[PDB]
Every structure is written in C-alpha cells, then in structure tokens.
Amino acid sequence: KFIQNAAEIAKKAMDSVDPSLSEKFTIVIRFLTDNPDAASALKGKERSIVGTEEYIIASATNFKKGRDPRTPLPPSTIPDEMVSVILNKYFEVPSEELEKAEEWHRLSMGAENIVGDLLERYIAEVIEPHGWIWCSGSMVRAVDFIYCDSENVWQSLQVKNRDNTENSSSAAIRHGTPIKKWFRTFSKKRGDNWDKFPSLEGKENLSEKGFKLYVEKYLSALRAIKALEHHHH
C-alpha cells in the first residue's frame, strides 16, 4: 500500500524530471493508491519497494524513460551456423544469400519486439488529448491506459498486439470498472480487431490504417534523428 502524502511526492518528483508529465503522473499514482494490486516493482530498479517515497521518485524517471523513442533493435545473439546449413541444404536457399537471410531474420525479430511498444504509442497519441493516460514504463501491471471519467470512476485498458501474446496479466480493481482487454491481431487468421476496440472518447479515430500511418511517421522521424547523429558525430 501507498504512503500518506503519495500525490505531493509524485508532483515534485516529475517536476524535476519533466514538468509536462507531472499532472498525468500524479493521476497514475492516485490510481495505484486506490488500486494497489496494479502497482508493480520497477524493472531494473527493484531496490525501491512498491509504495514508498523512493519508489514514487524512481517511478517518475521510469515513467518518462518509457516515453523516449525506442530504436528497432535486432538482437545481439550471434546466429547459429546450423540454421544456415538447414536453409541451404533442406530449404534450397542459395548459399550466397545465406548471410542476407541471417540478417533479415534478425531484423524481423527486431521489428517484432518493438511493434507492441509502437501500438501503445499510437494509441497514446490518439487518446491522451481526451484525458486518458498511457502508463509508460513498468510501474503499472496489467493496465496500459487509465482514465478518471466524467463520473470520477477509474477506467482502465490493457492492449496486446496478438491474441496469443506471451505476457498476459491481470490485476484486481478495488475502485473502478473491470479492466478492458483488447488485442490487435489474430494468431489463428489474417485481419485485425480494431472494430471491437472498447468504447471511449476518440475511439472512431483508431484503426489499422491509423496505426500504419503512425508507424511510418515514427520511423521516418527516427531515421531523420539518427541522420543528425552522424553529422553531430
């Protein structure tokens, strides 16, 4: 459970980190004070116990960190040479393109491991104007977005990229409606699931085209950023 002056801790913590996030973050802390089973230990920073002042202050940096752009990263795992032997000797992938196949495999795994994060970013850009809050970083378990609605009731939303997405999670809601759960894509079949995205202000904006346009924009911007890194060295 949370300390006696949780909100005032949150405010000043995020004022040092990023003043534009302070209001939103303060509300996240209030949400976790009312709903403590959604509170999670911070990944990489587990030294601070869930609910203490030290956790609130560490959560502020974490919450902001979560919103910095991620670069699509192929894993640093050196590939198995026997994978290439199988591509060449069974699947008849030409021997001179084996190195290429190896790299695109790694890029494809890098693409896969950031799509979940970009989905949250897309959704956040659309629904944060209307008062919803993307719970960025790892301080919140199970819930990806929160909203204190016009009736002062906590709404909460979980998104997955796929229906068979690995990290399933649930947390108990002491005060609020049940967590709305939604997945973008099907593992069983082609197509998307935006039609059944839970009702909330701004919902009509959200779609697969919208998400595709967000991703083109985010990667274009990011490419341009890394171009400026080489000019600044």
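For clarity, a rigid core is taken as the largest C-alpha set superposing within 1.5 Å between two forms. Residue numbers count along the first chain shown, from 1. First, how it differs from the form deposited in another entry.
- Annotation: Cα of residue 102 displaced by at least 2 Å between the two forms, core superposition.
- Comparing the forms between the two forms, the C-alpha position of residue 128 differs by less than 2 angstroms, with the core used for superposition.
- Residue 54: CA moves less than 2 Å between the two forms after rigid-core fitting.
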Second form
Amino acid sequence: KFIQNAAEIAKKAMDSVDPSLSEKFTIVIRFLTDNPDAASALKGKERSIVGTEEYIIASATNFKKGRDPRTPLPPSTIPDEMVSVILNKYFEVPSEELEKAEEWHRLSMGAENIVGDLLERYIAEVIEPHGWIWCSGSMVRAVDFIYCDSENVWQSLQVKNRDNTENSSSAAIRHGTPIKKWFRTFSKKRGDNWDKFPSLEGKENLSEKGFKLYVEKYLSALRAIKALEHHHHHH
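Please supply the corresponding structure for the form deposited in another entry (the preceding block corresponds to the form deposited in one PDB entry).
Below you will find a single chain and nothing else.
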C-alpha cells in the first residue's frame, strides 16, 4: 500500500514544513509502512490513496497542523430541548435555572474537550525528548504515541483524560492490536493515575502538578492574545 520510497518522500516533505519535525515524521511513516492497516484515512478522500506520494505530503502538513496551538470558540451547538425537560421534571432543577444550566453545561463540554487536547500536548512536550513520538494529525488509527523499544519492537499508546472516557464501542478499536491505553483521572474515586504512565521516564517527568502548570501556561498565553486583540479593536 505504501510506495517504495515513502521514507524519502516523507523526509523531503517534512524538511519543507518543519525540519525539526522531520526525524519524528519519518519514523511515523516507517511505523505506517510496516503497519499499513494502522494508517487512518485522510479526512476527505478515499482509502486507496493511503500510502501514495500525495498522502505523504498531505500528512506532513496535517502532522504539523496537529501541533499548532488551538484556541477554540465556545460551542454554538443547538441545545436538545428534551435535556431541559429531564433536568426539570426528573432531577427537579427549577425552571428558572434551566437557561444557565444549558449554558454552563455547554461551556463545561467545551472545557473538557480543551482538557483532552492539552493533555496530549503536555505529555508530548515531556516524553518526545525521551524518544517517544507524538502521532499528531490523526495519522495512526487509535494511537497517540509510538516508541521503538529496546528489542526493536514498536510500542503504541492511546491516552484518555478519564477511566470512563470510552464506551464498549470506542474501546473495541484496540481489539486485535497491541495498543496500550492510559488515562489521567478517576471518575468514582479521588487522585490521579500519573505514576502508572508507561515507561520509567514517563513516570518521573509527568505529574498532575506538571499538567496543571502546562494548562496555566496555555491560559496565560490566551489572556495575552485576548489583551493584544482587545487593544487592536479598542485603542
């Protein structure tokens, strides 16, 4: 499925996007070359284009794009009226509170999405210097990170924010694969799962406090962006 010189196309492609990412990107392509069914479809196009020169070039920009800081807007989705009916008549939330409930529920959903995005980026910043590769841009199906281990065996990892982040359908994506999973938070007990992160260097450099600091650094940058934008429109 992958072209005979995929590695060379990839190195060339990423040298024209971000040379600092070229070693990492070429390794992801090598993973995919050996494991072609692990290659996710490009969002628009058909499966048959996977492994071509076009796919490799397109992937290089996606790989870089996935590392760009994201500042999403609040959700502007259309609320499901039936949720408010259940809140009111089953959970006895006063009618007067339903509008604020909808807004804060919606904003909380946005926040959760942001937490999962930041979780991946924090982990990548810490473990990539120890040889792990962040598979950014959605190239490797069901995988966030890969590592070539001591015995020249590929390791694959999926990271989730919580012990209940999946359901029976989404979790099945790993069936018949060696992809491991780790999660950050517990839904039904207090604490964090950071010292169970795979690999010793992971455990020693990652922590809940380190993640919170990463999140604060990001929020400070958004406050700076807001201040600058505010001044441009109001001076």
